[PDB]
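Engineer: Whole structure, please, built from the sequences with the hints as guidance.
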Amino acid sequence: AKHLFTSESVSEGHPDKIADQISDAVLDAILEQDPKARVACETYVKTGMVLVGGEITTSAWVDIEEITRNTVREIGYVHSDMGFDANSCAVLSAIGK
Amino acid sequence: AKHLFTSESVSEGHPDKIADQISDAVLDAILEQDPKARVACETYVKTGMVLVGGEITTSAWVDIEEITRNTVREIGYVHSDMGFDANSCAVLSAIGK
Amino acid sequence: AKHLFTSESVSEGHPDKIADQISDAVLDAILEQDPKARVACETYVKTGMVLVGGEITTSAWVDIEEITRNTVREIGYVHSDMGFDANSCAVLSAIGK
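Chains as they are written, first to last, in the authors' numbering: chain B, 1 to 97; chain D, 1 to 97; chain C, 1 to 97.
Heads up, some of the hints might be wrong.
[To be verified] Derived EDC-like pairs (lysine to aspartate or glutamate); straight-line CA-CA distance at most 20 Å:
hint: 1; chain 1: B; residue 1: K97; chain 2: D; residue 2: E66
hint: 2; chain 1: B; residue 1: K97; chain 2: B; residue 2: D34
hint: 3; chain 1: D; residue 1: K97; chain 2: B; residue 2: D85
hint: 4; chain 1: B; residue 1: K46; chain 2: C; residue 2: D81
hint: 5; chain 1: D; residue 1: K46; chain 2: C; residue 2: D63
Calculated from the structure, these hints are not laboratory results.
Structural biologist: Structure follows, in structure tokens:
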């Protein structure tokens, strides 16, 4: 047989993966505080705005924006020229607990 | 000096005072948890979205949108036809500790 | 050769497909105005708010708000107790032209 098969991955630097990283980092810290919790959080990423919202039932106490900025920093978007920075980007916590 | 002096007032029902109630209800809640927090929270009221943001220095922990929906319900915007419903409206928290 | 298979669908009434509806309705609007345009719009949908944002290159002139409200209304979420209203939902266009 002769056939060509293709796949494609992204860096963490790509937006979508940024979104997922943010969401699950939130999930990680939360579930750490309480394993029993229930969390469904989605993250929109725009030019400079990071939006985070979803349904959470738990007794945990977590800052959304804190984990947000820390994650972005770990990725490395820290400067205007990169097009983004945790120090710059505004965080919108839309989660209702 | 015969002359007319005018002054106006808005009900609690009014958008602006709605925002103020939101803000200072948040502030009372936090200050209750922490007498010595430093709080500067700003509240925005669009049609279906109430936004809150600002910078709070403390160790407290408060479910913002909870306080918001509570305050609204207390005021009584409890239905669509009312033009606004607590259980309906999205709450956008932008506060950063 | 005996196996059970499964498939899954959602009415348009489902929120996700609602979001997709919104995006594509915007798309049809623009395309109607101009064919050649480049459009990449995404739509987040919270309880009371629909956020719409994307990269758009065109000579078009299109209100996001009117389109979104029309689409949602056509779907029927026209009441609070429904869980969502077309008239009182918050419309946010993050669109950059």
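Engineer: With reference to the structure, classify each hint as holding or not holding.
Structural biologist: Structure-based check of each hint:
1. B:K97 - D:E66: Roughly 8 Å between the alpha carbons, so the hint for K97 (chain B) and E66 (chain D) holds.
2. B:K97 - B:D34: Holds, at roughly 14 Å.
3. D:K97 - B:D85: Satisfied, since the Cα-Cα distance of roughly 18 Å is no more than 20 Å.
4. B:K46 - C:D81: Violated: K46 (chain B) and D81 (chain C) sit about 32 Å apart, past 20 Å.
5. D:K46 - C:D63: 17 Å, holds
Checked against the numbered hints given earlier, the structure breaks only hint 4 and satisfies all the rest.
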